[PDB]
Amino acid sequence: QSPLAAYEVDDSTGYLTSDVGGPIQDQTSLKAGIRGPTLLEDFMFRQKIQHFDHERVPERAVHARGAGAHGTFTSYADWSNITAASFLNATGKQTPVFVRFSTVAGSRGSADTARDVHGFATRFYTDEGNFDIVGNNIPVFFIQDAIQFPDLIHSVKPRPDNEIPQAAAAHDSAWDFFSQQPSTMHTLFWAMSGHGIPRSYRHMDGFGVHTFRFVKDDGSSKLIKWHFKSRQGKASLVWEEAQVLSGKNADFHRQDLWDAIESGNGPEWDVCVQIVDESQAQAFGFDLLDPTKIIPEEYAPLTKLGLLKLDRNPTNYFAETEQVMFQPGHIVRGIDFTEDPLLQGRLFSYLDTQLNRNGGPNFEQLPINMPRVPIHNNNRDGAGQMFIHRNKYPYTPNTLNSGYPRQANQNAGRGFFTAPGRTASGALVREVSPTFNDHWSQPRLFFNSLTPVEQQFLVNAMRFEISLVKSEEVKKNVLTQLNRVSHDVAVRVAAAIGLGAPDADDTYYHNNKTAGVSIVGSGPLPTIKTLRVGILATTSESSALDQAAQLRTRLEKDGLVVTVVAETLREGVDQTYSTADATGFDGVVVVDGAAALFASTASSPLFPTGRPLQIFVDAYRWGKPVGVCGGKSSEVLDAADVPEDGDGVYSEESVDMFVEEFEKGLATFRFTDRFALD
Amino acid sequence: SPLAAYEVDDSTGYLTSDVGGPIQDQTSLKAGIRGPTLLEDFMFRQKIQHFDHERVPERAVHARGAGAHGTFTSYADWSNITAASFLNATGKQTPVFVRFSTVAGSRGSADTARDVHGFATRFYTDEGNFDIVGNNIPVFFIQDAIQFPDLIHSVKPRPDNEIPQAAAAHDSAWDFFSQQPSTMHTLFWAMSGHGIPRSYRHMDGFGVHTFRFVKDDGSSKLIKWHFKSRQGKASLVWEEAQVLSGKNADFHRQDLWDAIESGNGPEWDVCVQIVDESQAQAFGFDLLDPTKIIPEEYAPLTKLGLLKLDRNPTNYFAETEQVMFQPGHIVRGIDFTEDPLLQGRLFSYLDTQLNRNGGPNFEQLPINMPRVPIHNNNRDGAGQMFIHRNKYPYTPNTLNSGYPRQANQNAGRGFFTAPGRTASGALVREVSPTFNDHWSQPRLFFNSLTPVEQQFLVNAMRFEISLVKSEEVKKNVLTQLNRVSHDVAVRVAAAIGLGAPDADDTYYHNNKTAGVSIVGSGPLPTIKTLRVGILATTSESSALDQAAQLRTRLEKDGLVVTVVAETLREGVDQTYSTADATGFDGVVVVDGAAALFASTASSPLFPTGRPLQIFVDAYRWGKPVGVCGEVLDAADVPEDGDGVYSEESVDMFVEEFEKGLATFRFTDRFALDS
Amino acid sequence: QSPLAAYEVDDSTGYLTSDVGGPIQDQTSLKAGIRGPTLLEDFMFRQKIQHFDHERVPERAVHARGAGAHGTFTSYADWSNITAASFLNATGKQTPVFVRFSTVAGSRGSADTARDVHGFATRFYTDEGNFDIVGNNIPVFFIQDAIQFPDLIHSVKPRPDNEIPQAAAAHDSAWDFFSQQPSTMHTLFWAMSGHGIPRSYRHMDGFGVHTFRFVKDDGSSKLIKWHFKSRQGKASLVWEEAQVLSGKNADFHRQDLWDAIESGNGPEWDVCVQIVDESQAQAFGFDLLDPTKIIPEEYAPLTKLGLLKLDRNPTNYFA
Ligand code: HDD
Ligand code: HDD
Ligand code: HDD
Ligand SMILES: [Ca+2]
Ligand SMILES: [Ca+2]
Ligand SMILES: [Ca+2]
Ligand SMILES: [Ca+2]
Ligand SMILES: [Ca+2]
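Residue numbers (full-length UniProt numbering), protein chains in the order written: chain A, 21 to 698; chain B, 22 to 650, 655 to 699; chain C, 21 to 339.
Incorrect hints may appear among the rest.
List of simulated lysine-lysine pairs, BS3-like, C-alpha gap at most 27 Å [to be verified]: (1) 51(B) to 242(A); (2) 268(B) to 268(C); (3) 51(A) to 236(B); (4) 113(B) to 329(B); (5) 412(A) to 113(A); (6) 313(C) to 51(B).
Chain A is nowhere near these chain B residues, computed Cβ spacing over 10 Å in every case [to be verified]: (7) 35; (8) 81; (9) 173; (10) 200; (11) 292; (12) 297; (13) 303; (14) 323; (15) 350; (16) 471; (17) 497; (18) 543; (19) 574; (20) 613; (21) 622; (22) 684.
Quick look at which bits of chain A chain B covers, simulated, 3 or more residues with Cβ under 8 Å [unchecked claim]: (23) 355-369; (24) 396-405; (25) 540-548.
Think of the hints as simulated: they come from the structure by calculation, not from any bench. Note that beta-carbon positions come from the ideal geometry of N, C-alpha and C, so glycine has one too.
Just need the whole structure built from these sequences, with the hints factored in.
Right under this line is the structure:
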């Protein structure tokens with residue numbers, strides 16, 4: 021049973037009714053005569069059409085495009101030695117969760133595979149209240165003060181005269197903002213890396229970004245960072261793949277997640293923290309209140325608290341995924357805020373914005389937002405009020421309700437409490453802390469920590485986007501900021517856009533590196549289960565279908581998702597060449613019985629000219645494992661200009677030997693030697 | 022019940038947020054003990070955001086009202102006249118919720134304004150919710166729903182200064198009545214005692230429109246709904262209503278609440294008039310015209326079942342403020358008619374709930390939910406509380422095996438339009454000439470009132486029209502009233518210093534009809550719940566003894582007794598300072614309190630002359646009054666008076682007084698025109 | 021002409037139109053025959069009734085019952101010696117105002133003459149932005165922390181099972197809260213005095229209640245209290261009179277104000293402050309941050325800043 025089974029409505033049987041249970045029809049209007057006008061007294065028509073007319077709600081102001089699933093969090097230990105948080109207070113303690121992943125800039129119909137920051141928002145339905153960690157797949161944020169959020173978001177969203185371009189920072193306004201607001205450099209470098217185009221929601225991490233506090237029942241506190249570390253491994257698309265995939269399958273990430281859960285491959289993350297003392301706020305060479313900075317893992321290692329597993333898809337997307345209303349204000353005893361001016365302002369935004377989405381104040385009553393423990397408070401009325409409150413004296417202090425509900429605090433009722441060592445001192449100021457002023461060292465730290473091909477991909481992303489900026493003042497200003505992180509980056513980017521990079525400014529240049537931020541560097545994937553193999557076959561040769569069937573059995577044994585492609589559907593063929601694309605596969609195999617489909621003269625009314633070969637070629641050029649199974653590889657590899665001796669290029673007669681080799685190629689995931697370097 | 026499932030108990034436990042996190046809510050989080058409040062105080066903001074958003078728009082009409090739960094019980098299997106499931110078996114019980122209301126006043130306006138009153142009943146039937154959205158007056162002001170904003174704008178406050186509240190006593194309203202002669206019939210009802218009912222329990226309910234009863238063979242008859250009070254018909258007098266407006270704006274809602282808590286839940290016989298389709302234009306008017314009644318002489322009432330209200334709400338806002346009635350809530354066995362007022366209502370009540378609820382899922386509110394399964398392809402919308410398992414919500418489908426199934430006359434107990442219904446003719450914005458007699462039935466109503474009732478109606482018109490500033494509107498009002506009755510126009514004209522126009526006898530007649538008079542409806546069938554004020558004193562132990570003896574003799578018979586004295590103690594319920602004659606249906610002075618009634622009497626504990634003014638007001642307003650055990658001389662009240670009691674004995678005082686409570690009003694105390 | 025003349029719509033001439041300017045009728049529904057059913061294609065009907073169906077907005081959560089007027093504020097001096105405020109920077113400088121007066125507990129159709137605290141909310145449409153002083157006719161408030169406001173208001177508003185009683189603190193819940201929350205005593209005594217039943221909005225004062233700051237252009241600050249002193253005089257009803265007036269004329273205060281303006285007797289207040297140093301926050305025997313306390317005038321006299329005069333009634337109450 022779903023955790024929301026009490027709210028489910030079954031329509032597998034029965035006669036149509038109105039919303040008030042009156043049996044009706046809904047297929048023909050009531051008319052004055054068989055060719056007559058429709059009657060106002062047709063309530064069947066008007067209740068159905070009113071409902072339809074009002075189906076839509078405002079999309080989220082940011083993160084409008086996303087997808088969610090149910091699962092379970094399991095604690096690895098009793099963490100009462102660092103936090104009073106009930107959901108962390110025992111080894112094996114289980115708490116239901118709901119997670120939504122998202123992009124940031126695009127509207128709710130935009131492509132999953134846009135280049136962007138991604139959301140990773142987790143609700144823990146704890147036995148002491150709902151606790152939300154509203155995170156991103158990038159551990160740092162663009163800006164240092166919440167009051168700037170509309171500036172950032174206006175600049176990266178479409179230009180407001182014509183609403184162009186969708187789901188993209190590749191326009192003047194965005195790069196104007198980045199180059200005028202240098203705090204943006206750290207997140208910008210992350211977004212221009214493969215972290216901007218993750219392979220799936222399952223192949224990315226989650227970060228709380230802000231420093232938070234863990235608070236013990238004795239009132240002592242520690243400073244923490246949340247890290248959700250993918251047990252699937254880290255992987256990226258390449259940009260020229262992501263662009264085609266945005267058109268061929270705008271739903272790629274939500275389909276990948278849905279399919280993984282349905283196949284019993286529900287994705288997993290270790291929920292981890294960095295834990296440091298209050299005295300270390302300004303010990304690591306930056307301010308822990310500054311959300312543009314990471315704590316390098318060399319300074320503070322990750323502690324694994326527990327397992328997050330997503331294993332149940334929603335029943336109704338709108339009701340569960342569209343309506344889930346996360347808040348960092350959803351906090352529990354044992355956790356506290358910090359004076360990070362970005363986190364501080366968020367606490368206001370997420371309570372207010374639900375009024376816009378829900379249209380009224382009772383949004384916590386929606387099934388997906390309800391807690392799994394009793395609610396005792398004097399909140400009342402409001403549009404859409406579902407509860408029927410018995411307590412006729414909803415004020416404190418009272419005698420006529422015997423003093424209930426009772427106040428909860430540090431000493432009674434397991435109340436939330438502010439960390440009691442927290443203080444404030446000084447002038448009431450609209451001033452930025454000078455401790456926040458180094459906007460360039462950590463972007464350089466990140467860039468330094470990427471592999472050479474990874475550095476090239478980041479340069480190439482900047483070359484792509486900045487070449488689309490029309491303004492020559494903005495392009496020059498961008499090169500001024502990039503040059504403060506890396507003169508080499510500025511020179512390489514400047515080469516694509518026909519400007520000269522400004523002279524080196526070495527104030528913030530350094531050669532330090534940090535582990536765990538590189539994708540290319542994180543080694544082969546720990547599992548290839550769920551990865552997608554396209555087998556290109558033909559109906560023109562019964563032996564090509566036999567090769568494909570033998571390949572399927574052997575690949576499916578290992579938990580790969582196999583698609584057999586041919587000219588037309590039949591038993592054992594999943595997909596036509598017409599609907600197939602290399603963006604649909606993590607590796608491509610041609611059965612040598614189909615080699616004739618790869619000829620330059622090959623033509624069919626059943627698929628676009630050159631489609632079989634284009635699938636193989638795109639897969640090779642995008643770095644995927646590719647091969648020909650059966651022993652006759654020359655005709656295909658030569659048509660594709662693919663060298664038989666290439667890394668991640670497989671040619672074997674033996675199906676078993678083909679699959680053993682090819683499976684190592686899928687774990688490698690990308691063959692980076694196929695990309696040119698400056 | 023959807024209601025039982027959503028009840029929230031806060032009789033124990035620690036305070037939590039709406040997401041179950043234990044919190045406090047009495048002190049703001051601050052930067053130091055004398056410091057500014059922090060934005061990160063989520064406890065503060067969630068509490069104050071909820072408070073800031075508590076209010077919803079009041080209803081566009083009938084904003085002021087009160088509701089209760091109960092049961093409807095069928096007297097029979099009515100299959101012979103309707104397919105309606107709630108009427109298909111002797112003793113069949115259906116839960117109900119009723120809301121009673123005024124019309125013009127906003128949410129906080131007085132119950133005892135002079136107005137039309139709502140009487141809206143939801144039957145939570147086993148074939149869907151069925152609402153009869155009625156009033157206490159059987160005819161409506163206008164003949165086409167498109168005119169409703171014109172009527173309501175005219176009766177509601179003038180829109181430059183929003184004056185006056187809950188009152189038709191202003192130029193705009195009487196401008197409308199005089200220019201729109203269809204208004205005359207309801208205007209005469211509202212100017213009668215029906216404008217100021219004694220309680221919701223002492224008025225009837227009417228569907229107003231002709232509806233149809235439709236059998237499972239497809240045949241139809243025309244019907245009128247009448248809910249006939251078992252408590253009897255009773256009114257206030259106008260002065261009393263005005264004082265009550267100030268002393269207790271909650272009088273009708275308190276009366277209803279208290280009757281239910283005391284086990285005196287009000288009852289009505291749910292009745293219909295039934296006539297054949299061929300009789301639509303047989304009674305001298307059009308049954309599509311909502312300004313006309315069928316005289317009971319032409320079509321008697323058939324009793325279908327018992328409506329009883331016997332449980333108060335748990336949360337007023339969630340149940341009473343949020344109940345969203347609709348004539349569109351119809352069930353198989355009932356159909357509409359081509360009454361142009363009913364026709365347009367059907368649109369209004371679906372649309373307006375979007376304004377009140379702020380989103381389209383208002384039928385999901387517990388008070389709006391049915392008591393049977395919902396099966397349909399309505400989806401999404403703000404505030405969606407369901408999780409629909411059918412992922413193919415379209416018809417026709419194969420992917421959900423063709424469910425839900427279409428319901429119609431043949432199968433699934435579908436609603437169906439009466440299959441004898443037709444339309445013929447041009448597409449017109451034309452009024453039927455059959456609707457054009459605006460004056461005969463107002464005169465029938467006026468003729469059917471007793472002489473003192475006719476005087477009260479003339480005096481209500483004298484009161485309101487005298488407050489009309491425009492001499493031209495007042496003349497136009499007399500022109501219209503004169504077409505109903507020259508005598509009424511002459512008597513009204515005398516109060517405002519104008520001459521009545523010459524008699525215009527076109528619509529004059531001397532016909533009468535039973536069952537519309539209050540004064541004529543005879544003694545109340547029960548005195549239970551009626552209020553007796555016993556005026557006593559703490560001075561004399563004999564006065565308190567006398568009051569306690571009367572108390573036991575009257576409470577025996579189900580009377581709500583208030584003993585009044587200078588100060589509270591054991592046996593005294595109320596001080597003279599808080600007491601008023603509008604609080605009582607009868608007033609008894611114990612002779613031991615004689616000293617309080619002298620003109621010389623004064624106290625810092627109550628206003629000068631309060632005890633005598635309660636007795637004198639009760640007398641002037643027609644109520645049974647008496648002394649048990655000087656007082657009558659002070660009050661200038663004659664001992665021989667009808668409804669004036671003077672007994673040394675408590676037993677014989679009471680036996681006599683209780684006959685007076687049943688009589689209810691002594692109308693010989695009101696002056697008549699010569 | 022009104023300060024809002026640019027937004028006015030004249031209907032003293034012309035033919036009925038839809039909201040998009042199409043001439044129409046609005047007195048008979050379109051029907052399939054003269055005794056027929058109403059047609060869905062009747063857009064004249066639906067646009068008109070849709071508008072009607074959606075006329076209402078939520079009443080204010082408190083102070084739902086009230087009435088307003090336009091007028092003018094005129095500064096008596098250049099107050100740059102104590103504040104940078106532009107509306108106070110020159111003798112004779114005029115700023116348009118709008119004021120709304122109100123009760124607190126009653127819903128928008130409740131009687132003006134209920135016993136209650138009253139609102140006095142003033143907008144100054146200044147040449148450096150709108151400045152509102154949202155005050156009451158009593159200088160002290162029931163509670164010392166905004167987080168308690170729903171507690172106070174739930175207790176004073178009708179009991180939530182039956183919504184009784186209207187516009188009145190005369191019920192168990194209110195006196196339960198007063199007796200358990202002793203901060204309430206000062207405002208309670210004011211509300212139980214004639215200040216709870218003023219003769220008119222014109223015969224009551226306005227108070228900011230809180231200590232605010234006046235800030236000079238040089239950055240220095242002083243602590244102030246706002247006091248709007250009635251030029252009409254202070255006057256009350258007696259309680260028995262108020263109870264009868266509630267029934268005989270629920271609109272008494274709004275009519276009194278409307279009529280005073282139409283007769284050329286637009287009400288006036290001297291807009292005054294008490295001015296004390298920051299060092300005097302705890303000097304008077306109580307804390308100036310505590311909204312349950314007044315500064316006795318014997319400790320800090322009133323300085324007259326300017327004249328507030330209300331002299332124009334609204335054109336559309338709702339708008
Ligand atoms: C001051 C405003 C502001 C700031 C500074 C941020 N956000 Fe935010 N965010 C919002 C204002 C907001 C919002 C407008 O309140 C949204 C839109 C929908 C919602 O519920 O909240 C939101 C949505 C939103 C979602 C989507 C949740 C879901 O799937 O429904 C995620 C994952 C984040 N944000 C994450 C972040 C992170 C990791 C930030 C910086 C560390 C951040 N936001 C800063
Ligand atoms: C064309 C519009 C229109 C017309 C002609 C009428 N009404 Fe109506 N009425 C409404 C439009 C409306 C409304 C605006 O839709 C309301 C306000 C709140 C609601 O639910 O519906 C309403 C409320 C309302 C209520 C209050 C229900 C409750 O307690 O919540 C009652 C009892 C009635 N009406 C009764 C009548 C009767 C007996 C009428 C004539 C026979 C009538 N109305 C004509
Ligand atoms: C924490 C909430 C809160 C607190 C502590 C107060 N109020 Fe308030 N008040 C509101 C929350 C509110 C509100 C809910 O926000 C209202 C309802 C309508 C509106 O615009 O604001 C309001 C309305 C309102 C109005 C009506 C304005 C109008 O005519 O439209 C006045 C005069 C006051 N208040 C005056 C005060 C005074 C003098 C207070 C104490 C010194 C006070 N309020 C405390
Ligand atoms: Ca742009
Ligand atoms: Ca990469
Ligand atoms: Ca008027
Ligand atoms: Ca109470
Ligand atoms: Ca006084």
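Hints, verified against the model:
1. 51(B) to 242(A): holds, 21 Å
2. 268(B) to 268(C): Holds, at roughly 11 Å.
3. 51(A) to 236(B): holds, 22 Å
4. 113(B) to 329(B): Distance of about 14 Å is within 27 Å: holds.
5. 412(A) to 113(A): violated, 37 Å
6. 313(C) to 51(B): holds, 21 Å
7. 35: violated, 3 Å
8. 81: Non-interface label on residue 81(B) holds, nearest chain A Cβ at 16 Å vs cutoff 10 Å.
9. 173: At about 20 Å from chain A, residue 173(B) clears the 10 Å cut-off, so the statement holds.
10. 200: Residue 200(B) clear of chain A: closest Cβ-Cβ about 26 Å, beyond 10 Å.
11. 292: Fine: 24 Å to the nearest Cβ keeps residue 292(B) off the interface.
12. 297: Holds: least Cβ distance 22 Å, greater than 10 Å.
13. 303: holds, 24 Å
14. 323: holds, 24 Å
15. 350: violated, 6 Å
16. 471: holds, 41 Å
17. 497: Since the minimum Cβ distance to chain A is about 33 Å, residue 497(B) lies beyond 10 Å and the statement holds.
18. 543: holds, 40 Å
19. 574: holds, 34 Å
20. 613: The claim holds: residue 613(B) sits with its nearest Cβ about 37 Å from chain A, beyond 10 Å.
21. 622: Correct as stated: the minimum Cβ-Cβ distance to chain A is 37 Å, above 10 Å.
22. 684: Fine: 39 Å to the nearest Cβ keeps residue 684(B) off the interface.
23. 355-369: Held - the segment 355-369 of chain A has 5 residues with a Cβ nearer than 8 Å to chain B, which meets the minimum of three.
24. 396-405: holds (count 10)
25. 540-548: Violated - the segment 540-548 of chain A has 0 residues with a Cβ nearer than 8 Å to chain B, which falls short of three.
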